[PDB]
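Quick heads-up: it's one chain on its own, the form deposited without the partner chain, in structure tokens.
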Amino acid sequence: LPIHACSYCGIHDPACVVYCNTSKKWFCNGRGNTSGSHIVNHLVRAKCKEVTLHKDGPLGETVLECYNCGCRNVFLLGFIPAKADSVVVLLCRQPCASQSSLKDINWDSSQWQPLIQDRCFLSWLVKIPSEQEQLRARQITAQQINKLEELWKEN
């Protein structure tokens, strides 16, 4: 089982996993038996904010951070598409993605959208594991997560 396997379930598709900078562990973008996806569960429970994407994923090894100020809080970051072009930019909801800051010089502020929606990352950032790949993994519940998380913070 590879180093980048989800610390909850063991899914190891490079496109599906997300690295957590603070706790140095990988978590997938699938929801399993839980109501949120695994990284989001972790980021909420462990009280974490910063992540990195896999070398082999859609965006290569990228630390997700605000283009303007370098703030890395994933709960605040969102993306703005470029018009007639696919060279997206990542910015803080505030103040970096405001019409005060952007002034419509290079980016259209009204076009901002959170990186995390529906308690998980957008599929083009981190792909969602398939139906059968989620079945092959460890069928963990929300209560085992909470205990595993606590068993970790012991160390």
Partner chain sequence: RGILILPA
Given for the second form:
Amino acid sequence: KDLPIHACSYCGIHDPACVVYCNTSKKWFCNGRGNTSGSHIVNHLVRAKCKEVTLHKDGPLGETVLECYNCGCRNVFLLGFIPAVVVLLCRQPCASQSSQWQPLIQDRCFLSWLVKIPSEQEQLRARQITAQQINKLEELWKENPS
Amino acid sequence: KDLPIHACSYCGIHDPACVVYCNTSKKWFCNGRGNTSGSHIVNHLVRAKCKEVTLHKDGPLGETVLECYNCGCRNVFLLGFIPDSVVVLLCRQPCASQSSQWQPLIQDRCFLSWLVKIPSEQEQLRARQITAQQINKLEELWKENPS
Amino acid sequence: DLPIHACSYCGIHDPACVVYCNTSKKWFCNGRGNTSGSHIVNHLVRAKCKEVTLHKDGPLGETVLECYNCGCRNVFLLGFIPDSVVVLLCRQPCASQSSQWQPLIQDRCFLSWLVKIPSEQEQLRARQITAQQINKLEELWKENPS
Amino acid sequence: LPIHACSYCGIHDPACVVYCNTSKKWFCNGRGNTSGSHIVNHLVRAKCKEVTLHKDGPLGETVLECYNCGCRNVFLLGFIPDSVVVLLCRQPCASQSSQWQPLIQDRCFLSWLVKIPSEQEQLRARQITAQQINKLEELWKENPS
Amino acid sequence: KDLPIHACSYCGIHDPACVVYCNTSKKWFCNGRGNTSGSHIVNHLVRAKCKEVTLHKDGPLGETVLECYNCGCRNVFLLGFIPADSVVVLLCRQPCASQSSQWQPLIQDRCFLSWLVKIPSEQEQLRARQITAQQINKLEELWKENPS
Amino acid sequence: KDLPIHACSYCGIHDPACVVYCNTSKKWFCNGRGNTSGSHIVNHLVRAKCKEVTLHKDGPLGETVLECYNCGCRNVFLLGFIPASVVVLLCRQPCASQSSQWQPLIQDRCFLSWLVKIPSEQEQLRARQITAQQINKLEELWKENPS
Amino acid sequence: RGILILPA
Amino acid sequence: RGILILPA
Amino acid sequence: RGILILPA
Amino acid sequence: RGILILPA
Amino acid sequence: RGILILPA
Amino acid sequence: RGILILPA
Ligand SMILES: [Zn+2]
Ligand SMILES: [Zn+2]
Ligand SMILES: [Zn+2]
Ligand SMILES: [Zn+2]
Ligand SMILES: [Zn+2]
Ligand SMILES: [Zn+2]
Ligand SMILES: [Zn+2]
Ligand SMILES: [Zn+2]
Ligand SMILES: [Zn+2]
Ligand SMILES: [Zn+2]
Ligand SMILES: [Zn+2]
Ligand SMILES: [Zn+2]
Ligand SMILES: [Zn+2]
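Let me have the form solved in complex with the partner chain next, following on from the form deposited without the partner chain.
Up next: the whole complex, starting with the chain shown before.
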């Protein structure tokens, strides 16, 4: 099939409210858990040791690079938010007492108001891939990124 | 709230076509995954090391303890079926052996959707959200205080 | 020069908040202001009407509310029964056991998922009008509808 | 049979029949062999709501309607008590701001409005089953006659 | 035998999830193909030049006239559907489902989609009266003078 | 001015080779876009949810309700044609089906120009100027007062 | 119009 | 009725 | 009128 | 005519 | 006891 | 860049 360019490189889900652009690897991944214990994008970020993401314009939040309001850090593993509207802040120093906060990644997935968790149903229709197969595929991606 | 007696002990969904009674633990669990990688009922059966279940009367099939037509085994991890509109439950072995196309009732660590329905996304977001860790701990505690 | 869909009592024109009276052919909002019921409902009781239409740009689009079964348009007889869909039905007979149901007008306003409640903030900015002035005005609308 | 005989079973005591204003046929307030009255069953099946009582009945020729707003939906009308009756919609017209009892209880009209035919009078009728009513109403769409 | 009122006028199938009411000719037809290349209901619609149908009350979807959500058009050859989890919206292909106003027609391979009207099994069509293409055309030809 | 009865109800163009009668609303519209992105006639058909049209007697093809040769369907959104220097109109389905090179009568939301002439810019520049919103505005008022 | 006088 | 001869 | 709720 | 699909 | 008759 | 307005 000719699936869109913003489809999860693991399972193919392409709902724009559900996929995340990895700025470093230059490939999209969704925020569903599938058959692993974490979401596809997070697992990818952990495995490939990347940290900066971009949302899709047709998601609820539009095309948006996540970064600290205060200093511009783009490390999603350091970023979090405080209600008010949401303001994104590094946990340290920018959200410190001197400068109610919660990280953007909980239970190794993006919070669903940031990136939609695909429903169990829609993930059933997507390409089924096991944890072995992701490591399977990530290992290869350095020699052949395509 | 005082939720019905057949509501999922992990997250509370109580649609009767979606819950399964654990005959050993004497509690109910749903066939949605929630925030885990398998369904609640299966995870409980694996974790509490149980095997015999009962469906709810107001589910599609009424109140029914699952068991083999041939031998009466009640181990759902061994039960399955082979196909118009009658279904016979059979152990994969020996009762479904060639000497005596088969598929288990538990696939992808949940019960088949025609047996026990998967709760909708809408329906799982509204339920009490609980993590895989929280389940693991809570199952560990249930030996000390089932209440 | 207020938009055509402004509450004839107080002027709110947020399309998710106003309702067209199909008989009197004017618009009314689903906020209470300082009354004990919402403007649309208060109007319906005073002018003795029953059939309404939602706004084109509201969450549910342009929609004459009516029973799924018999087509009755009497909002005071209609209610609903529940994945994310709702069916409208007369209380009698169409929602009877032989033919979990809840009426569409509760606490003398439309349910907010049907017609949005204007916020207290948004109603203070609207033209504020007292209970007498409305009955006053409904009395006048008989001779001069304008 | 008279023109006001129950189109289902033929009963024609004028204090017992009800005119359906939409389908333009008459029906009795007896149950016969069914679980509800013929007229109510008719109203539910054909999806009608407006009726007229018979002139030689205790209340004479009368289209039932709300005193306050003029609604004619029998499924919404009711009354509250010495010897006068005011018909009122349950909502809004009978609300607290505007002990109420519907005119249709136990799938028939109250007996003081339209009398329930006797066991004697229902036995001498054309016996008809619920299946048959359901069947016959289905045909009445193409050939009402 | 005395077949129910909703039996296919061609072959006798009367499973309510399998028959479709032709609103114009006022007869019932099933969605099985038999020995033709299309379902009895579709074949009837093409030859008798009809277009508006109604499903049976005891089918999965109840008594329901298929029509466009937007304009109320009832032409089954123009209607199609769009998903919304297990909810579906019907729309004319044009204009109502147009880009400016992923869509699929209700009739594919000359039958109604099976989730709308069930295709009888080969087994269940074998038990029904067998009818050839020749006999149907004859009968449609006959239905004009004496619909009975 | 006293324009003919067959003038575009939106902009006043009245060349009989350019206007189309709406059989339901009983008004005329031209096949020019003016200041909008589609022709006036189509925009009205989509807006008022109509479908059956009639051409003007003094046009190249005379007074004619467009319809399928085969079944008499009059829905212009389903109609198309197949060349014969003769043309036959046919529903997309079933009448133009394989069992029963076809092209719709409406492409890029106007009637094909051999069916209805597109007015020249000169003729559209002189017409009453109207915006897409004003048309939306004007259609909404027309059920309350068609006049 | 909404009023019924009971028979006795 | 369904057949059109285009203008000469 | 145009919306269909499909089986389980 | 009578069925409503509510927002997200 | 071992047999399930499912509806359609 | 660091501030987010959430859906309805
Ligand atoms: Zn994925
Ligand atoms: Zn920072
Ligand atoms: Zn659960
Ligand atoms: Zn066995
Ligand atoms: Zn107001
Ligand atoms: Zn109703
Ligand atoms: Zn009777
Ligand atoms: Zn009333
Ligand atoms: Zn057939
Ligand atoms: Zn049509
Ligand atoms: Zn349409
Ligand atoms: Zn024009
Ligand atoms: Zn045709």
